[PDB]
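Before any questions on binding or motion, here is one chain by itself as structure tokens, the form deposited without the named molecule.
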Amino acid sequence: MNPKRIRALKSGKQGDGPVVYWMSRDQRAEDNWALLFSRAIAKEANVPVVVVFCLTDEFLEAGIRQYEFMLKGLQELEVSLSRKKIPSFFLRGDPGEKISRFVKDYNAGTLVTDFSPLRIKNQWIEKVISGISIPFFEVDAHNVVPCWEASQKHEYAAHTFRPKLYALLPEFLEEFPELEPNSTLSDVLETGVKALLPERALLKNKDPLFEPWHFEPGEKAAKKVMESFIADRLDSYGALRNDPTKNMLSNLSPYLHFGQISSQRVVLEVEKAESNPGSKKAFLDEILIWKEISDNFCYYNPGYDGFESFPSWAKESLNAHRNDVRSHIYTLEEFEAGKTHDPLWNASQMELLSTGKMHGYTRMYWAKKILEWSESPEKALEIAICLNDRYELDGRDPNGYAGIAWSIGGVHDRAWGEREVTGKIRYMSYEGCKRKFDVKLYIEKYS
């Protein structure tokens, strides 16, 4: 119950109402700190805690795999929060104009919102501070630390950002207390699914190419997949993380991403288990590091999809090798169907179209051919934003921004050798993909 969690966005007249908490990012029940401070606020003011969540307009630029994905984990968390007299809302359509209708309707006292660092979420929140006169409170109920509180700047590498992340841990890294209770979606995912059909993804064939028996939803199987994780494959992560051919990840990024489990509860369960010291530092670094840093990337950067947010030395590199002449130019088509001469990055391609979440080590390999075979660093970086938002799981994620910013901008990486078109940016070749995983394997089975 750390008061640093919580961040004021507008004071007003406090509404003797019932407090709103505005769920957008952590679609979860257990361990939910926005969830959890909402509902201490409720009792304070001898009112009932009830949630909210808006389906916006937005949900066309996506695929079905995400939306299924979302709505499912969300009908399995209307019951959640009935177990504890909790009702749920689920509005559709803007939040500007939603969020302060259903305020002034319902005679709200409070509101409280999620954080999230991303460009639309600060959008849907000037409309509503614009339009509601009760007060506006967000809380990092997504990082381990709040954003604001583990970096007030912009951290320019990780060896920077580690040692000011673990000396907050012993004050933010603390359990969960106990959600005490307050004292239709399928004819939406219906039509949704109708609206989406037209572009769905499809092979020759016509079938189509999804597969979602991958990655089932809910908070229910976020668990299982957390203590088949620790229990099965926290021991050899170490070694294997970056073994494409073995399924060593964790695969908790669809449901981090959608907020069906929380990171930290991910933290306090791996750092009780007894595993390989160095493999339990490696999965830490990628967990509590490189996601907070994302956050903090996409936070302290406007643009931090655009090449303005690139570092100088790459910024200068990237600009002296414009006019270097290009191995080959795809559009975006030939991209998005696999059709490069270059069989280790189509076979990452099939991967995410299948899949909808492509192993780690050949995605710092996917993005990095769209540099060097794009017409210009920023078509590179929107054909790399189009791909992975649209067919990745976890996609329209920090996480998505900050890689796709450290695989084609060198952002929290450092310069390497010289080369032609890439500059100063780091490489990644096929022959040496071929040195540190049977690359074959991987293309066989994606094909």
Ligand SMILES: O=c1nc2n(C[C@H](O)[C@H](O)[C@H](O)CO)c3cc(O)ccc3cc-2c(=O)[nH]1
Given for the second form:
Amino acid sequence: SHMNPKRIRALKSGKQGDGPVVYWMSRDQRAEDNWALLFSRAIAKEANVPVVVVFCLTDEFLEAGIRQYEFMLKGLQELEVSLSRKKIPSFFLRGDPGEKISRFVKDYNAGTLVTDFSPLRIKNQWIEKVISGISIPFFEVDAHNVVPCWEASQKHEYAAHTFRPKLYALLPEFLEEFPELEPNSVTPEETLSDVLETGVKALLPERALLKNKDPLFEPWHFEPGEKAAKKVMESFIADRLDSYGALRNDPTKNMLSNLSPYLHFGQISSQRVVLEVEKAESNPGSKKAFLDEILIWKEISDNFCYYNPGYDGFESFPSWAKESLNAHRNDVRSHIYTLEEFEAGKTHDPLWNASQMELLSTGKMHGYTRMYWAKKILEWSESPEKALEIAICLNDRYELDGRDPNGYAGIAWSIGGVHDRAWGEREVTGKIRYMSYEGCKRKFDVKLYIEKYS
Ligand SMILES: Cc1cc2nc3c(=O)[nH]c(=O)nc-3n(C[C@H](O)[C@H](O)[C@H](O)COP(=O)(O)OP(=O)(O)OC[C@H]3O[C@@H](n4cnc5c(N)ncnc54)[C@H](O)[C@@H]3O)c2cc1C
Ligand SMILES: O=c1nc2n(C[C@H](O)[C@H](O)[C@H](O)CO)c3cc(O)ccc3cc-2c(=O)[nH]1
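May I ask for the structure of the form deposited with the named molecule bound now, the form deposited without the named molecule having been displayed?
Whole complex next, starting from this chain.
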């Protein structure tokens, strides 16, 4: 087995039991290229026990909507089949992790517990509870980042150009092929259709609809699951990669990878993706541009959430920005929109409303327009605290890749200059990098973007 010990972290001591090794899957919903699954199999081998997979359908998802819930569970049904063809049983527990994972460990005489890693507050909520209801050893493995989150840095990194040296210096040690997942020796000692049916009915009153009372979301932009995530990656390498560096900041092109929803649910590994992109021969500049995103910005987001408890609040902005935004707290805002208005794209700005339409109808706003979109919320909000609330809310309710450290870090960047520099000082937004509507007229084909979305 080729398993780096620095990818793993003890969450609780225990006395090991004598039953299956239980992998509690959460962030990384895949069978292939999954260090958490791979380490859980290795421990089960070393203990002559089978490895099983447990997943919690939590009392939440009523906070998001059908788009995300469907994307995830369609992926998971494919995952049962996948893990079956490995003789690895998957149990799907309804309810919150505290109660259900504790009970599952007791009832199935688990030996050791392993989970994947996520810096989000809620996961730690779950962890705190699970830790009370078990007396067996507990491990988490960083299956999401290429360089483990507690390895990459010992602290918060204020700019990309400080985290980047540290991260690149560790790629030799941490970027490499996955061993194949070795199946179970034997097959060991209600369904997602019913559960998908039950939840959808519970969520259908909150579904987003255009006045016409017809549904607003379009499923077909992203086929969910592990097999489809490979295909999308392959389409990217083959077709969009060469142009990426040139056209990534242009909302009128389909030249992005479109991997974020897949990467969010962990239906595809970012280590895998990075390995394929490294292999490929493409226009100079492109490969550097894309790796800068999927290694530096993706992994600094986990860094941000992990070293900042208040990663979703003003207090985590850098000094200069807080000082700056405080000084402009009482400036009169040129507009103030209610939440409903932002949500239904009813602002005096045709480009903002279009970006909000792309979101509502596809569940994926273009990266470039996300920055415009979020900065305008700062500008048209009672306060910077309210701006974060509104952005976090809209991002999490409607993005397929939402509810993600990339989100909080991305919104903090936009609204408080996290991982950014001081810029020209203005009214209302202070020194926070400004993104004028006109700057977009210079930079890309605005009117065409607006036509695409109405
Ligand atoms: C206001 C705002 C909100 C955001 N919310 C989210 C979110 O909820 N979930 C999310 O995954 N990303 C978020 N981002 C970052 C980024 O916009 C998206 O990850 C990207 O557009 C996803 O599309 P893609 O896969 O085609 O990107 P590509 O250009 O094809 O990049 C490939 C991968 O690199 C990573 N990546 C690219 N850009 C960034 C970035 N700026 N920050 C962190 N990682 C990046 C993503 O994981 C992405 O899947 C947000 C950015 C902003 C400004
Ligand atoms: O373990 C779970 N992870 C879920 N996740 C994954 C989430 O990324 C992780 O729970 C955290 O990263 C902590 O592991 C969701 C993500 C979404 O975007 C939307 C809904 C869910 C729902 C669940 C869930 O019910 N259980």
